[PDB]
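Taking the form deposited without its partner chain, here's one chain by itself in structure tokens.
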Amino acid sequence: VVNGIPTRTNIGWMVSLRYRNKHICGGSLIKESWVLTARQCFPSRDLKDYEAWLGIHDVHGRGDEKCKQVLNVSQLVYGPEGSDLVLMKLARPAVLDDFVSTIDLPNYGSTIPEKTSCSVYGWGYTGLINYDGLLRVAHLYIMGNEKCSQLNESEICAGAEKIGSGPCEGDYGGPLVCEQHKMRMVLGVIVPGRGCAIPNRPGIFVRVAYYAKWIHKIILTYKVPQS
């Protein structure tokens, strides 16, 4: 995240997808054993290359010495066509506690109104000379889909007003979270696209509400030989 700030403490539903012993993406823990994330987060199709760190604040888990849970990835289900989503199934369940929790998903078709306040979180690119490692957040407002103009219904358009801030490489897969019904929900999944923290150039996020059925169909179903 570029032009964001550190979080006071760690965010329970945030996952660091590691590839080859190193952060590459964020994800959202949507069940004790499922993480909603992005396609661009998997250079290879072989599972032995991945881990999921939960309950961390630091990217290397430095102060999280007792908070953190490291889980292997047993499966990988891919989303429809131009969705870019992937659900990682975790090897053994995540232990919910004070540091790890899950975030709710919206209802199949929820329309988020414009000028609504939203947050992105990530350990990705910051532009700092020496990034401290801490999870960072930036604030964005939902905008009309026409402002993102590079199909459309699966997408959300959110940006900051005038200042250039937002997610970048390493933040892919993480959530765009807002306040819809009673509490916090993963409304969007961060995907690369419209540059990185360009002023008056809002980001396009995959609309979770569009693939909401699919996410549910998958969260309650057997393994089945993938690939």
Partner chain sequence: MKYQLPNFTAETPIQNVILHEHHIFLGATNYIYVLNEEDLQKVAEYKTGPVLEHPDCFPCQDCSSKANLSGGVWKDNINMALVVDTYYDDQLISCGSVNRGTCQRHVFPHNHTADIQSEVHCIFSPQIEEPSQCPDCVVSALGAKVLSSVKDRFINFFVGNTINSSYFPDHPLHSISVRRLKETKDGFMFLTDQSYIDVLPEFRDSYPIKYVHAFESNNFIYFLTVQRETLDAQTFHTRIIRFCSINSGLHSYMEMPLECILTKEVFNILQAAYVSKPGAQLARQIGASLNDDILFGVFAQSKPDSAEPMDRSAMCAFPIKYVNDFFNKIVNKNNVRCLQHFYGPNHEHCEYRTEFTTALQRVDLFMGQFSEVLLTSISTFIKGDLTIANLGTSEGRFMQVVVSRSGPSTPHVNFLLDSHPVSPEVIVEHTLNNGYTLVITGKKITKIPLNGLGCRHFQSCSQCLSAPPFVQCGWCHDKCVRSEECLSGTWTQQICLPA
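Heads up, when I say rigid core I mean the largest set of C-alphas that superpose within 1.5 Å between the two forms. Numbering follows the first chain given and starts at 1. Shifts are known only where both forms have a C-alpha. What changes on going to the form deposited with its partner chain bound:
- Taking the rigid core as fixed, one finds a CA shift for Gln180 of 2 Å or more between the two forms.
- Remark: 146-150, 180-182 are the runs between the two forms in which three or more consecutive shared residues have Cα displacements of 2 Å or more on core superposition.
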The other form holds:
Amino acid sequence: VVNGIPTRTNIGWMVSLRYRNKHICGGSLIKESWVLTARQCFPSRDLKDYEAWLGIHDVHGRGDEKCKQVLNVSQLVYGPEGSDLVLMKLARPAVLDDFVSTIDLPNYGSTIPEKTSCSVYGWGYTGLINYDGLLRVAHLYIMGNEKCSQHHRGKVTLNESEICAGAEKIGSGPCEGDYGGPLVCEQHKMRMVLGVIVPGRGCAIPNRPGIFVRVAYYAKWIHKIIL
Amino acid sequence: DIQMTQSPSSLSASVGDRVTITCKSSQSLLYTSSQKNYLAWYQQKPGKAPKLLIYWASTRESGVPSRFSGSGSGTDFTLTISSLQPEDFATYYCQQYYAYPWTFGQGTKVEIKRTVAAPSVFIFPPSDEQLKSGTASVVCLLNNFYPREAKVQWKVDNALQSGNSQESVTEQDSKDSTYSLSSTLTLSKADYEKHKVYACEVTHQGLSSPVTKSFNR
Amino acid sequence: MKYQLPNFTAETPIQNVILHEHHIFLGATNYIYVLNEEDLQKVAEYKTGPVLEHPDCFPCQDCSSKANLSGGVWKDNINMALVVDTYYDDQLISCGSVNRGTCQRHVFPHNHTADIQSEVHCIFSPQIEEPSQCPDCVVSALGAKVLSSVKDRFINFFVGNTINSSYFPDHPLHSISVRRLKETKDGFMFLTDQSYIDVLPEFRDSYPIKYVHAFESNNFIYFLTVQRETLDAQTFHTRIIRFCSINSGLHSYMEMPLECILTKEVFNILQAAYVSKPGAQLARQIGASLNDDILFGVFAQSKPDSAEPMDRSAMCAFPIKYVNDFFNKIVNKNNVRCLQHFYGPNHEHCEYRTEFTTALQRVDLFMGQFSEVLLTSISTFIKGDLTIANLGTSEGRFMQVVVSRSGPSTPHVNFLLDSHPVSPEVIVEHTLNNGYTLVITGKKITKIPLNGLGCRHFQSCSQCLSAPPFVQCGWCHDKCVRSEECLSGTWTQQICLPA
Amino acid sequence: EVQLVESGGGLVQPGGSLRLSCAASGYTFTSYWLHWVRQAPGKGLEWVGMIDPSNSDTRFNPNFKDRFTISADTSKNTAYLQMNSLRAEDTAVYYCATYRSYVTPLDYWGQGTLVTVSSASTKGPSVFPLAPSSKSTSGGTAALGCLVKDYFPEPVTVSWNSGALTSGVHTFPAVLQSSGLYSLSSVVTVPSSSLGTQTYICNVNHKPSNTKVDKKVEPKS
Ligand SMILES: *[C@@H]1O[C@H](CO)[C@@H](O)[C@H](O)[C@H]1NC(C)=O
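And the form deposited with its partner chain bound, for comparison with the form deposited without its partner chain?
After this comes the whole thing, all chains and molecules, with the earlier chain placed first.
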């Protein structure tokens, strides 16, 4: 995450996906046995190469001992064509904790008001000389798909399966290493994963909002899979 | 595929009427370079090859009577038949030949409405030759009637019959616009020689009240 | 036939051409030229070399600082690839022969889409791990084909490289590979160990592979190669390579030989290829959907035991669907074996990379009309129901000819474009209303109308009226042209008024 | 005139194979793709494939790409549709077809052959008279016909007086009985006055069972 801040603590629902023993992506624990994440995060069809790390603050697990959970993957259930979503099933349900926690989903088809506060989380690229490896967060605001595209210069138009968020005037947001992780928002007292981070058109460009996969659009599909 | 969706599947219209068949395709059949739509219309008479009516959406083929006309562009196409004639009873197929595999619409069955016309009813006893076989067939002929909806009830020594008969109906007649019907009662020789009166009872929109034809074994 | 058309002569030879935003970009030795689309006037130039390259001097920086000549060698920068990207902020991406085959990106400023000097970034990250890999070493000086494509929200490069064995622990190039740009834009990435299929080191010198052309279709990626029929064979042939369009790696990799023949004269060496939809008439003739991609390839006979073109040419068409049917349904095992130059001949195996034994055949569509000539370039387009090809020869001759199985056709356009061989790197642009192709010859590039040139041949109304009918020539007040080019209301195919 | 004639139609077990012929005349065989189309009894039209006689290229409806094959003999101006692993839903009328030019789809067709994929045995029909009524209105119209019963498979054809009587004829769609055997009647209306004078023979043909029958139908005693 570029121009973000370290998170002061653990984020319960954050998952680090490891390919060949290195962090490759972020993900959201939406249920004891289900992590939501992005299609781009699976270079290999062979599930032996993957591990999910939960309840970690540092991307290498340094300092996380009595909290960290390491689980194997038993299934990949790809979202509908054009969604770039994947539902990853853990070989063994995760044990919920103070450190490990699920994040709610939106209602199917629900909309979100424009200047709604949101946060992206990830252990990805930061542009730092010495990245400490602690989870990072950047605060973004929701933007209308129309108005988002007006900032995007009509170079790209948005399907109803996409959602836009960005910092008011500064450049910041997710980047390489952050994909599959959550865009989180709270209108009420509760947090929901409203979007999934997918590769964008360039990291942390000023006045240029991010495009995320709209979870509420695939909410119905997601529930079939996880219940 | 490219899916072809004809509408309606069936319609029944009067002589002289303008009929409209609709054909929608799952993607544009428009070939932009010449601005031609690769959609065609066939006419199919029973037991016959399809005949080509219209190609490139609106170009009538040689010979084809002037009253057939294609139109539409992109995904939506229309076959119109003004001044409907009796020989126009048939099934019309839209086909795209824009990409392979070539695909047709479901086809639209076109029938001719005409004034109600009562049937002539006839009855046939089994033939002695057939009785040598061990079975008896009793045939009831419903000749040249409109419309198609007709009921036939068999009666032996005055008892109604269930599931011991079958019917076929001819294709509408290209010039009369009528149908004919055939109902066969099938029975064992035993069950046949055991009864006396055999009747065929027809109900039609063309009959004041039902008509019976019968004979005695 | 003599015509004056919009043209441009560069300071040096031209390698690649790319059309973007009504500007024409030329990849040439030591320069990238930016031309106007209208008149082909130079709008700007960017000096790419020569550069001073050395063991110590490092990629994507100038060592003109220490041109001390300790071991400095000046090298001309040949353009190997030139790509436009509009997925990220609009960029020209240019990769030259020098500096380890790295690429540079020229980012257009917001309102100036012909300025490739303001923001220029050299794509390079030092291999992070302990690696012998060089994802940033893209292009080979021996010859490269770059196919750029957006997939899964990344920009992916599919690349064909001709290689030798003069190579490094870093700075290894790959024969065939897929790699993606990082969103940070500062480097490329190979995703898995299957992202590249290389000729065994043991064969890199004796088994050269040339990459003629590359394209996407049907969700597959296709490369066309020229190479030896066999590891130790003295003979050469053309192959079509197919693999799955994924970035994670090359999947379902298969190579297949392509014979273009005349009726049994084999034209075994592809010179140039173009893929397009078929015009209506031709489609019917060849069992194609107006929808279908067709590979048109001009082939030449090699001299015995050589890859050198012999001045005899044929043009065969390969429907991708047709090609795919052979890739898709294996049939006889006897036709398939382990990819001979990737695994050894005596591999245990002998994913699984495969080659076919027998060649897929087509028949010259020009009916031997070009037997005594060397075709070096080809593009293809539709006009009404017709399919037309734009051919170029080794002699600088340009021809427009109608493509059909029903009879041969004398080119309706045929003239000497230049003394120099016609380059295979061509561009077709369809200004909806009308269209042109950009053709290269040496240091000059020419803008040729796709349609009206047949007419311009006729100097007078009379000649013009006795033009063959299919050209649709007519007289507009002082010149012979097709209907659509007449701004004097009145255009005629019937009446010449007093001279 | 372009002419196309199919052949080889008939009865074939499920799982088995069958080769259809299409002999063409009146054009350069090698200059046009030869198409095959099929239609299940009373159903829509389905495109099968096509071959190019000049080089033997093929194109198939993805459905039959696996099971079907098309061949050609330039010397015979004939195309062959080869089918295998035939199943119930392949029972249909098979036409071969071609076009005048690229402007049109199919301009010419064959008559079509009937392919029946079944396990039933071939059985020739019995033909029984449908004798005209005693009380046929004198001066009015009589009815008589033929019961063509218990045969397999389709089809059967009925002419009257060797094609010489056609007016007033209704040959009905055969029906499928419970025994799995087909049966149909053919009737004709006739002036009552003509009975006893005019000879009425129904000419029935069942080529599958290779049986022809001419039954004279007359008033009974
Ligand atoms: C090249 O362009 C110039 C500049 O207009 C023109 O005068 C000349 O005739 C052109 N040359 C050719 C060969 O068309």
